[PDB]
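Just one chain is shown here, as structure tokens, and it is the form deposited in one PDB entry.
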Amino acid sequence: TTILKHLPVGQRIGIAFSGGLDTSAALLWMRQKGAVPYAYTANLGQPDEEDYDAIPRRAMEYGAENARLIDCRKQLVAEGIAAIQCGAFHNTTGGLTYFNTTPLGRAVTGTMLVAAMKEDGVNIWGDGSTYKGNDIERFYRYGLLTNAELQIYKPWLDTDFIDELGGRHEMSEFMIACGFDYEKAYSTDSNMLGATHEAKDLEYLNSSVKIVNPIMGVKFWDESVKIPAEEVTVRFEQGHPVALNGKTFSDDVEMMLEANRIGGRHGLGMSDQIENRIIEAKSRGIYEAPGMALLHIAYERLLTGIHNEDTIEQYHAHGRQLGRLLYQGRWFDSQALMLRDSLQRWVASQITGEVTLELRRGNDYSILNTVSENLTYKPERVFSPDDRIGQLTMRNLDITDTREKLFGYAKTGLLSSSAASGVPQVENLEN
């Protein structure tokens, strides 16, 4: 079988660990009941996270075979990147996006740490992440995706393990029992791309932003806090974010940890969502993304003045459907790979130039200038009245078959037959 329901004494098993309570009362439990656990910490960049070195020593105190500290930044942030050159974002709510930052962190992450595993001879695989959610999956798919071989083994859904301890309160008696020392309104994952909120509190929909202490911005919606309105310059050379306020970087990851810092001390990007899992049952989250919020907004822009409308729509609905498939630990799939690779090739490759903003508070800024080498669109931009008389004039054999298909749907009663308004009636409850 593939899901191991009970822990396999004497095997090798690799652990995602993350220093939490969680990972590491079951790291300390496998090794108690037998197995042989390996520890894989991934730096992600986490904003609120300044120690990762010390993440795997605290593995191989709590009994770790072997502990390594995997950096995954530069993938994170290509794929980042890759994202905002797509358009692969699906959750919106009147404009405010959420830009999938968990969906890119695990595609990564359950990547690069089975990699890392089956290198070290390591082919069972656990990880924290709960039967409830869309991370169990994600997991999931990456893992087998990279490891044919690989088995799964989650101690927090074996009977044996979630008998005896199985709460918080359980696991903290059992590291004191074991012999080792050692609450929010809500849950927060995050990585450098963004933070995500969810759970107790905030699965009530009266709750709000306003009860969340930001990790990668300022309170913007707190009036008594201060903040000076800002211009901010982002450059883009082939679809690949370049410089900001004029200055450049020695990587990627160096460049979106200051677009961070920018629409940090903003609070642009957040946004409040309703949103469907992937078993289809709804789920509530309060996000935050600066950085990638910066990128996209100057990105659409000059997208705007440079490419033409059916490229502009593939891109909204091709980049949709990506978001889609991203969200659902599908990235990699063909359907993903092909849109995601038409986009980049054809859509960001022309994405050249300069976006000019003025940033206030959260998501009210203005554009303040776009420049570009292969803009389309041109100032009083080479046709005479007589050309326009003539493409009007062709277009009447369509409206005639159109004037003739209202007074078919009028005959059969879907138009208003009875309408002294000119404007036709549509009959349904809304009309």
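C-alpha atoms forming the largest set that superposes within 1.5 Å between two forms make up the rigid core. Residue numbers count along the first chain shown, from 1. First, how it differs from the form deposited in another entry.
Considering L165, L339, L303, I81, one residue stands apart with a C-alpha shift of at least 2 Å between the two forms following superposition on the core, and it is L165. Once the cores line up, the CA of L414 ends up less than 2 angstroms apart between the two forms.
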Contents of the next structure:
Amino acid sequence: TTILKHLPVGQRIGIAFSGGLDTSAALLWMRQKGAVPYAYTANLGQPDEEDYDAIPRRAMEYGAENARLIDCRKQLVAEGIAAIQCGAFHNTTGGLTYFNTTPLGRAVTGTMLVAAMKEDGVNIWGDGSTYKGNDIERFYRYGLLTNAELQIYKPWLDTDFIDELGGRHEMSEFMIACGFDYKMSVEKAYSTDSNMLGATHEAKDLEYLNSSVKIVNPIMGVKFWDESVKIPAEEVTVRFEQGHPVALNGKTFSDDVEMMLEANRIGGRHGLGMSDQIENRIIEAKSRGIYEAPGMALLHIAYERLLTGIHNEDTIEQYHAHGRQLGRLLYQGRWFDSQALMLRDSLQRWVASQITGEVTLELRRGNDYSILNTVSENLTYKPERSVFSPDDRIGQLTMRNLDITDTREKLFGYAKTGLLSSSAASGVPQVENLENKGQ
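Got the form deposited in one PDB entry; could you also share the form deposited in another entry?
What comes next is one chain alone, with no partners or other molecules.
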């Protein structure tokens, strides 16, 4: 079968190695119990990441047969840009959105790392994701899509691992007993996943709905909720050329990675894009997270402002509906499934291709900003857009008569069958349901 319930002693095993305590201990344990682990680390432009070069070294020190560092930034940013172009975000609360940053990270990490392993000829793959979350499944699909022959081994799916190093304490103590002094004395009030597109905070104290963004130490921006933190208003311009972000505050860039890093700094100085979401997982249940994605948020606002001045109503509606559906597929680890590709490609080609122009914003604190100017050769919006006469409007209005008549007829029918208390004849038609009541 594909999933190996227990350590395949003597076999080469590849593992997505982040350098954290989970994968550090798992690799040492895997080597200790007889397997031949290979470490694969992805450079994802993690905001707080000290030195990526060191991660492969610790893997070697802990027993990796070989350890590679794969740069995934170009690909991550390209997918992030695609997400922006498609409005591929679905978890929203009052207008604040989660920019699907971890899902984007897994789509690029889960495929590129497995591709890299093909050069080492290793055919057993795994990671350190818990068996209770979304990530173990995202990696699972992405990996098997990239390598069909792949077999799967994950410490959190092996009862022999969980019983021995199940707790963080057991993992620290294991490192110790193996001759390695690890440094995890610190246990925050939440766990953090991050990459160049954003940072996600959840678990521990964030599991409680009475906790708030106040306990979070943002790593991509400032604590805008802290009135003692100085944040001067800032004017910023964002310019797109055929759906592609090409300039921020008049500056252009050598590549998209640099552009995104700058979008992050700009939004970061204000705390732009931070949100608190209760969301539905891929599996049963719900989870709660607090997210950061300053650059994605900045690009998203400008892109949509331009979209509203360039495309027609039906096209804008498809962008919203298709974008939300795509956002869900991305979240489920299905970013490359046929239904996702179809929506993504269609939005990139017919919507994003016309998004050329520049938007000027004034950023203050958090999600408080104002739009100061919107410019584009492709606007269909025109001031004071003469074109038709009052007689023309008389004609148009008159041709609504039969539709109005039919609707009036339906109101009468709904009133008769009890769905409306009173039709339109006596004023406001009243829908007959529990919500039709005051306080």
